[PDB]
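Starting from the structure of chain I, add chains A, C, E, B, D, F and M with the ligands where the hints point.
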Amino acid sequence: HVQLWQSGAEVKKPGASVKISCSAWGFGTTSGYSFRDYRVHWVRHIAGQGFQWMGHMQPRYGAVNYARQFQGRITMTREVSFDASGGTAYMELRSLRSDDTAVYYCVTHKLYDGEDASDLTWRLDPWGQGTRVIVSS
Amino acid sequence: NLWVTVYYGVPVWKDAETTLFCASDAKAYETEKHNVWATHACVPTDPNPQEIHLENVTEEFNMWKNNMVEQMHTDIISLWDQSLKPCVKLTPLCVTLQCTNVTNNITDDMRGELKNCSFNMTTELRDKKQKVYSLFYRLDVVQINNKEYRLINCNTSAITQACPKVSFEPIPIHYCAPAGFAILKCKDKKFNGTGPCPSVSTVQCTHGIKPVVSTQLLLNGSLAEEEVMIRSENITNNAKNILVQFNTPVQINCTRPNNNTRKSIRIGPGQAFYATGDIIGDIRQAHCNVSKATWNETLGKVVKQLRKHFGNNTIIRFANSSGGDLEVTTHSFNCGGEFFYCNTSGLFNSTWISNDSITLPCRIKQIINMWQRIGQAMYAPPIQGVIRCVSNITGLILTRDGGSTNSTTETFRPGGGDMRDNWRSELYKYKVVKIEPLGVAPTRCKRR
Amino acid sequence: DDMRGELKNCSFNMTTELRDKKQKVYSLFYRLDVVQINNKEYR
Amino acid sequence: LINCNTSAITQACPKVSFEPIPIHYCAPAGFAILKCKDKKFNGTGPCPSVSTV
Amino acid sequence: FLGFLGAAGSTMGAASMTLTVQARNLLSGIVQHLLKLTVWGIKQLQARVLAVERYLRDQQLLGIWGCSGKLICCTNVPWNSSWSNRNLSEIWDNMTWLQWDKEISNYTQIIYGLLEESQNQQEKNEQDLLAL
Amino acid sequence: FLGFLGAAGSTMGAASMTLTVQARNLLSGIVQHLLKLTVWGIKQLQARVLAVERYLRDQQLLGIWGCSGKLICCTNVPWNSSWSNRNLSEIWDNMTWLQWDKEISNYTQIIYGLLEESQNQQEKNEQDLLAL
Amino acid sequence: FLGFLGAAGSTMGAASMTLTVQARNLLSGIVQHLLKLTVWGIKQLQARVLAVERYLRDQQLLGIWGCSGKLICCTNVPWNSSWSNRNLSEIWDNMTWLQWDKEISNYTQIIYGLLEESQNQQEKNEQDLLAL
Amino acid sequence: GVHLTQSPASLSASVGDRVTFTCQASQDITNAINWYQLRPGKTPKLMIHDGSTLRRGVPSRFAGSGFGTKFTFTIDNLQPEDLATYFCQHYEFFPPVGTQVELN
Ligand SMILES: *[C@@H]1O[C@H](CO)[C@@H](O[C@@H]2O[C@H](CO)[C@@H](O[C@@H]3O[C@H](CO[C@H]4O[C@H](CO)[C@@H](O)[C@H](O)[C@@H]4O)[C@@H](O)[C@H](O[C@H]4O[C@H](CO)[C@@H](O)[C@H](O)[C@@H]4O)[C@@H]3O)[C@H](O)[C@H]2NC(C)=O)[C@H](O)[C@H]1NC(C)=O
Ligand SMILES: *[C@@H]1O[C@H](CO)[C@@H](O[C@@H]2O[C@H](CO)[C@@H](O[C@@H]3O[C@H](CO)[C@@H](O)[C@H](O[C@H]4O[C@H](CO)[C@@H](O)[C@H](O)[C@@H]4O)[C@@H]3O)[C@H](O)[C@H]2NC(C)=O)[C@H](O)[C@H]1NC(C)=O
Ligand SMILES: *[C@@H]1O[C@H](CO)[C@@H](O[C@@H]2O[C@H](CO)[C@@H](O[C@@H]3O[C@H](CO[C@H]4O[C@H](CO)[C@@H](O)[C@H](O)[C@@H]4O)[C@@H](O)[C@H](O)[C@@H]3O)[C@H](O)[C@H]2NC(C)=O)[C@H](O)[C@H]1NC(C)=O
Ligand SMILES: *[C@@H]1O[C@H](CO)[C@@H](O[C@@H]2O[C@H](CO)[C@@H](O[C@@H]3O[C@H](CO)[C@@H](O)[C@H](O)[C@@H]3O)[C@H](O)[C@H]2NC(C)=O)[C@H](O)[C@H]1NC(C)=O
Ligand SMILES: *[C@@H]1O[C@H](CO)[C@@H](O[C@@H]2O[C@H](CO)[C@@H](O[C@@H]3O[C@H](CO)[C@@H](O)[C@H](O)[C@@H]3O)[C@H](O)[C@H]2NC(C)=O)[C@H](O)[C@H]1NC(C)=O
Ligand SMILES: *[C@@H]1O[C@H](CO)[C@@H](O[C@@H]2O[C@H](CO)[C@@H](O[C@@H]3O[C@H](CO)[C@@H](O)[C@H](O)[C@@H]3O)[C@H](O)[C@H]2NC(C)=O)[C@H](O)[C@H]1NC(C)=O
Ligand SMILES: *[C@@H]1O[C@H](CO)[C@@H](O[C@@H]2O[C@H](CO)[C@@H](O)[C@H](O)[C@H]2NC(C)=O)[C@H](O)[C@H]1NC(C)=O
Ligand SMILES: *[C@@H]1O[C@H](CO)[C@@H](O[C@@H]2O[C@H](CO)[C@@H](O)[C@H](O)[C@H]2NC(C)=O)[C@H](O)[C@H]1NC(C)=O
Ligand SMILES: *[C@@H]1O[C@H](CO)[C@@H](O[C@@H]2O[C@H](CO)[C@@H](O)[C@H](O)[C@H]2NC(C)=O)[C@H](O)[C@H]1NC(C)=O
Ligand SMILES: *[C@@H]1O[C@H](CO)[C@@H](O[C@@H]2O[C@H](CO)[C@@H](O)[C@H](O)[C@H]2NC(C)=O)[C@H](O)[C@H]1NC(C)=O
Ligand SMILES: *[C@@H]1O[C@H](CO)[C@@H](O[C@@H]2O[C@H](CO)[C@@H](O)[C@H](O)[C@H]2NC(C)=O)[C@H](O)[C@H]1NC(C)=O
Ligand SMILES: *[C@@H]1O[C@H](CO)[C@@H](O[C@@H]2O[C@H](CO)[C@@H](O)[C@H](O)[C@H]2NC(C)=O)[C@H](O)[C@H]1NC(C)=O
Ligand SMILES: *[C@@H]1O[C@H](CO)[C@@H](O[C@@H]2O[C@H](CO)[C@@H](O)[C@H](O)[C@H]2NC(C)=O)[C@H](O)[C@H]1NC(C)=O
Ligand SMILES: *[C@@H]1O[C@H](CO)[C@@H](O[C@@H]2O[C@H](CO)[C@@H](O)[C@H](O)[C@H]2NC(C)=O)[C@H](O)[C@H]1NC(C)=O
Ligand SMILES: *[C@@H]1O[C@H](CO)[C@@H](O[C@@H]2O[C@H](CO)[C@@H](O)[C@H](O)[C@H]2NC(C)=O)[C@H](O)[C@H]1NC(C)=O
Ligand SMILES: *[C@@H]1O[C@H](CO)[C@@H](O[C@@H]2O[C@H](CO)[C@@H](O)[C@H](O)[C@H]2NC(C)=O)[C@H](O)[C@H]1NC(C)=O
Ligand SMILES: *[C@@H]1O[C@H](CO)[C@@H](O)[C@H](O)[C@H]1NC(C)=O
Ligand SMILES: *[C@@H]1O[C@H](CO)[C@@H](O)[C@H](O)[C@H]1NC(C)=O
Ligand SMILES: *[C@@H]1O[C@H](CO)[C@@H](O)[C@H](O)[C@H]1NC(C)=O
Ligand SMILES: *[C@@H]1O[C@H](CO)[C@@H](O)[C@H](O)[C@H]1NC(C)=O
Ligand SMILES: *[C@@H]1O[C@H](CO)[C@@H](O)[C@H](O)[C@H]1NC(C)=O
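Protein chains in written order, with the authors' numbering: chain I, 1 to 35, 35A to 35F, 36 to 52, 52A, 53 to 71, 71A to 71D, 72 to 82, 82A to 82C, 83 to 100, 100A to 100J, 101 to 113; chain A, 33 to 138, 147 to 185, 188 to 306, 309 to 321, 321A, 322 to 397, 411 to 504; chain C, 148 to 185, 188 to 192; chain E, 193 to 245; chain B, 519 to 549, 563 to 663; chain D, 519 to 549, 563 to 663; chain F, 519 to 549, 563 to 663; chain M, 1 to 91, 96 to 108.
Hints in this document: simulated from the structure, not taken from any laboratory. Each statement offered as a hint is correct.
List time: in silico DSBU-like cross-link candidates among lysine-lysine, alpha-carbon distance up to 35 Å: (1) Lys305/A / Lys207/A; (2) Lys567/D / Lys207/A; (3) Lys168/C / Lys117/A; (4) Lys65/A / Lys567/B; (5) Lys351/A / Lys97/A; (6) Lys567/B / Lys567/F; (7) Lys189/A / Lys19/I; (8) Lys252/A / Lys567/D; (9) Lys574/D / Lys490/A; (10) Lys655/F / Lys490/A; (11) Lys227/E / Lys633/F; (12) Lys171/C / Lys117/A; (13) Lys567/F / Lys567/D; (14) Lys231/A / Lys97/A; (15) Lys567/F / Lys121/A; (16) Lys574/F / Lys207/E.
Isolated chain I (complex conformation):
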């Protein structure tokens, strides 16, 4: 039972930078069931425009892959733990604008407590609570 816990809601200003954490725990230790195998996507939900995909971070080597609209202004880092059954995922959006106000979700792709879903990265079951970032003056 992988659970993802995010940080609190933040109120920023245009031109600022927000760093949302994402604590993940319960992955497991065995290879294929560890945090160093399951990517942590970052999905933005703007009210009215539906969900939007921002990028995913693979926690083994930190290999990130950002969406085209956000290249140059988004950075993802990891804090994978010792046992590799947990960790923390960060995302920094350094060029916040008025249109970036939304609820940001960190998600993984582990549906079941006993399945190796390492190579199926788009079954986004473990959604985070959601960090409501408000960017306004």
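Leaving out everything else, chains A, C, E, B, D, F and M with the ligands in the frame of chain I:
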């Protein structure tokens, strides 16, 4: 009337997994110097390989669901771990280092990369101390808040110095199936890695699969034959690495201009720690050169083959690795016992609309965590003299970016990490089948 | 009163990642896991 | 110690005995061990009296 | 000489002719005398044992049907209509052995059991008639 | 179907009828592909090797008497008066195989040696007569 | 009884008579139940596996020539003039088996291949004639 | 580049009635689409993955079928617990609006 007739030795096989042992040429290894990948223990391979062609045989291959690559990954991990077992454990080397930068004949490129660190290390007598100094790279030391430093991997793993006589040179190894098992080789020159293979052959051993560990580039590897081959699990999926194979050499010449000297420090009763004492001569940044015209061409072939999957009107763009550790953001490889991390931004950085050499700055690391093992690290001992490499970029590990919804451009950044993809580019044509030589067929015969 | 003296809050000096630096840490040890040496000294 | 700048000393277990005990080297099935019963054998060349053990 | 599995795509007649080539390479491979506990010696021992036991299982299956030492053996169990009933000429002139295995892959166990029962019954019959 | 060792307490005739059931389960058990040096993989390898060698020893004993591949084999050595001389009907209608083994436990080796000698002698005789 | 390899220096006739003595001691030696990773248990496991595989290879070579379970087997391939052509009386009255092996050491493989081909051909012939 | 489009925006229905709504794509995505349920104030929960395969926990009343470009999500025997917002998902692409099931 019909009666059951049992036939023994029918040419029938079924898909199955097995234990694939190793075979290698006797002349490949010097027979005097040991190897991190044990070659002496491998059975001596036959001088003449016995490859048998199978006519009228179409078999379904799948390089992404092949147990050969996983078994090879496990084998390499086990070899690397067992090679470090008898070597020296550098637990005393975690002390508080008094480091000062080396400003003796240093170029501006490597102004602060090297640190002359003096520390106190136990001698053979545990009641006496020793004050010794060593040259550590910037990436191998982290400041503690002259200043105070410590090893980068000293709060996360225990350092084990690699044995100076154990060679890290890749030696070809042939994965051979046991008796009753056969290895099917796909001789199709245009094979996407999945689906039927019209030209299926049978071998007893694989070819010479050099265990070259690398990222962003497949070095010293097996080429394609007709054209540059783009092979991905799902080219639409951006989370799947794109494996590229080159039909022609892309020669890359590495070098380490510093003339490092190895100084042996006795850290215990019979244990020796080899440290970079001094460097004789000028200090220059390690770099790797790649012919500009040969790359720009190779990239032209790559984009021509890539435009097939995405359309002929896309603006294919190559860019440099964004984010990640040093093992992914830079081309990581091993050159003569020293680990290089080269900034392959000049190699990529290019946009393709429908004598000169490229110099890639490189950084050297001595504390290496290869397979991301928890609580395990390795200290590569310094290599005396100037190190030079001449390798062949035989492939790429690319990665498409993502949700470009209406955009016509498709950016392909490099990036490896998973060495199973590195060794998948060699085992894509091979497949292990289990021989079932017992079959029943109907005849008009009658047992008396 | 049942577990009046079963638990002992033991503070000791333990090596950190750097062998030349020491660390002062504390732990809770059961009475059956510590024996007095002749606050008092235990092991 | 004399061997303290060259090797690490491992104390022999006091209960492990160093007394030589005879051991018989036996060939597996399908292999035979030929014993030369010649009383004047130079260690090389033919052995007129060959036995099998 | 077509080599190991040379007649895989050939007609079942040619494969029945060349059965011995596949039969030879079922127990001995390229697999010095001493045993080591490195990865490669470990895998070598595992491979040797696996090949030995698989060949022994196949040989036992041959022998308990009274076909030990015979590449082609004639039995006494007929073919039921449930099993594949396609023409003899088509099976033996228009087929490969892989296709034939794929076609009758499920009815293997019951055919084997019928072979066991027939072999035991005819052994009893031979023992009884030979006592006279 | 009585299962493995189903006719252990049954008459020797029924056991002779059902020999094949015991014969099947002598080499293959419930005994992934990779070999490990934990306790369980170690014991697994030992068990596989032990089963292989025991089955091979039994098969060799069958074969060197000229009874390879035969569950019931007829030989040429008579029964001496030293060995058990009880009635045929009583042995084959009033006995289990365990009791029969318990009764003639000693004697096994000399019977085996007589079987070896008779098999070799009749092999020589067949080779000599076939040369004519 | 001459023991294991007792007729090594004897005439080929006596060795052909006593073949069974050498045949018995090819799979079982003096080689407790548990497996250990000390040097001696390691070597013991290696020796057991080596003996098993060597005996199985010899048995397979016997069986694929249609001579399984036979100490002396008659075949259908003639003797070419290239192979040793010395007199029958001299070979079978004035020779030991070691000398005979030393004499025809080379050639073994081609004789084995001819045996394979003849066995397969006569298996096909028997299957064809038995269908009538 | 996939332009996932889900219609209709809303679907009012009664308890026990079956509802259907489609997520039309632009190109061939085989059967690599996933269905989600977004209850008001709660995180999205997967309904159907790989086009037809069903999540273990949820009952079999939720059925999703389709291949190629047009995919169909069906909710037979509607209950007051199914009132939520649903949306498809093909890799990194999401529909602009999604379908919101409401009670008649
Ligand atoms: C490249 O991309 C394609 C397309 O996405 C991938 O193909 C899909 O792979 C997934 C698994 O990774 C398949 O999902 C599985 O489908 C099963 C049902 O499929 C059958 O029925 C459909 C009916 O339309 C057919 O189209 C299909 O061919 C099959 O006949 C489900 O039963 C599976 O669920 C079970 O397994 C999963 C995974 O372990 C569990 O999570 C579930 O709980 C459950 O136990 C599963 O959903 C999908 O059907 C494939 N589509 C195809 C074949 O077109 C490729 O895998 C991908 N990579 C490669 C190597 O090509
Ligand atoms: C991929 O390519 C891009 C574009 O070429 C590249 O981006 C650039 O990266 C460099 C290095 O990270 C950036 O340079 C730094 O910029 C910061 C300010 O933003 C400076 O403070 C840095 O100062 C350096 O030099 C000082 C004096 O020696 C040092 O004291 C200090 O520690 C730094 O070393 C430095 O100039 C550069 O701004 C970006 N610019 C862009 C985005 O174009 C990216 O790094 C490449 N990725 C790789 C190599 O994987
Ligand atoms: C990987 O390789 C990349 C390509 O070589 C590296 O990119 C370069 O990184 C350096 C810092 O390490 C940047 O340096 C600064 O550049 C600014 C901009 O000035 C440039 O242009 C003026 C003229 O207009 C010229 O005089 C300068 O020399 C620069 O070329 C300077 O003001 C700073 O002083 C400093 O030089 C480079 O700009 C940057 N190049 C590019 C193309 O972005 C990258 O750092 C490497 N990183 C690694 C090793 O990970
Ligand atoms: C083992 O030791 C290393 C070195 O001290 C630790 O790495 C450091 O970890 C801290 C977090 O605990 C990192 O801090 C953060 O850095 C980012 C840099 O952009 C900054 O934005 C944050 O505000 C914060 O300061 C620090 O960078 C990092 N240093 C390096 C060189 O990576 C590591 O975490 C230790 N591991 C364990 C098991 O504690
Ligand atoms: C790719 O393959 C080439 C060979 O085809 C590798 O180059 C060779 O690398 C070894 C190890 O660094 C060199 O050996 C050394 O040579 C020097 C000078 O002779 C000697 O002093 C050292 O003791 C050692 O023997 C070898 O000379 C070199 N060969 C060539 C052609 O330069 C290359 O390292 C491989 N690249 C990889 C695996 O990334
Ligand atoms: C380990 O420690 C031992 C004891 O200190 C070292 O042995 C000593 O090695 C030196 C090497 O120069 C020997 O010196 C020479 O001795 C001869 C004696 O005839 C003399 O003629 C020479 O002028 C010179 O002084 C010294 O005798 C020797 N001591 C002994 C054997 O008791 C040993 O070399 C050390 N091993 C190392 C450094 O790895
Ligand atoms: C080697 O050990 C000596 C003694 O511990 C270090 O020098 C002393 O460091 C302490 C640090 O608190 C100072 O208070 C002393 O004044 C120093 N000098 C003495 C005691 O002579 C020395 O720095 C160590 N070597 C290193 C780390 O380079
Ligand atoms: C770099 O690539 C070239 C071309 O593939 C390799 O050269 C070939 O080496 C093989 C083996 O010795 C020869 O059979 C070919 O004839 C060679 N081709 C040419 C054009 O010379 C070369 O060995 C590679 N270098 C490496 C892998 O280090
Ligand atoms: C890589 O290419 C660079 C040039 O791009 C080479 O640099 C020159 O090397 C020669 C010989 O050492 C020097 O005389 C020149 O002054 C260097 N030029 C510069 C601009 O530094 C370099 O030697 C090449 N090395 C390899 C390994 O190919
Ligand atoms: C690293 O630092 C040490 C000092 O900690 C340097 O060694 C000293 O160098 C001076 C100048 O050559 C000598 O007079 C001293 O006798 C040396 N002290 C020793 C050897 O303990 C050393 O040269 C420095 N190395 C580099 C490459 O900068
Ligand atoms: C890489 O190194 C090789 C030598 O190892 C270079 O090859 C020689 O280059 C010179 C100069 O162009 C030619 O005259 C020789 O005929 C080449 N042959 C040899 C000696 O191999 C090569 O040019 C270097 N190229 C790069 C990319 O650095
Ligand atoms: C790198 O430095 C070493 C050490 O100075 C050089 O090798 C020495 O060269 C001198 C002659 O100049 C010899 O007398 C020494 O015996 C050599 N020492 C050795 C071999 O350890 C070396 O030549 C320098 N660089 C290179 C690669 O040539
Ligand atoms: C932990 O280490 C400190 C420092 O060595 C110990 O403190 C010293 O203990 C001796 C005991 O004889 C006293 O004489 C000193 O005055 C102490 N120095 C101080 C207090 O700075 C301490 O006892 C050790 N143990 C613990 C758990 O405190
Ligand atoms: C693959 O199939 C072809 C076509 O059936 C085989 O070729 C025929 O073989 C038969 C038997 O030898 C000949 O009579 C025909 O003349 C051949 N050609 C045709 C057009 O029928 C071919 O032999 C098969 N592959 C193998 C290896 O046997
Ligand atoms: C165990 O023994 C009984 C006999 O005691 C076997 O069953 C039959 O029992 C009846 C009792 O009246 C006899 O008339 C039959 O002759 C017995 N045998 C048969 C074949 O019917 C019973 O079968 C034996 N156990 C097993 C496992 O067979
Ligand atoms: C060793 O060779 C000798 C000489 O050929 C064998 O002795 C003869 O054996 C035959 C057959 O038993 C007898 O007929 C002869 O009388 C024996 N010798 C003489 C005097 O001619 C001897 O048997 C051979 N060794 C063994 C163990 O058989
Ligand atoms: C080494 O270089 C770093 C660069 O940031 C500098 O801070 C430090 O003071 C330098 N050390 C010395 C002693 O030169
Ligand atoms: C792969 O190639 C085969 C032909 O060899 C073709 O039938 C198949 O559709 C191809 N599929 C992919 C995934 O490229
Ligand atoms: C590389 O080749 C292409 C044509 O294939 C050309 O357009 C380009 O200018 C060349 N090199 C560069 C990077 O200028
Ligand atoms: C050893 O003795 C044999 C006779 O037993 C003789 O032929 C040979 O030449 C001798 N050679 C040596 C090395 O003494
Ligand atoms: C038997 O196997 C064939 C293999 O193609 C399959 O089509 C058939 O449905 C199976 N049927 C039975 C009765 O097992």
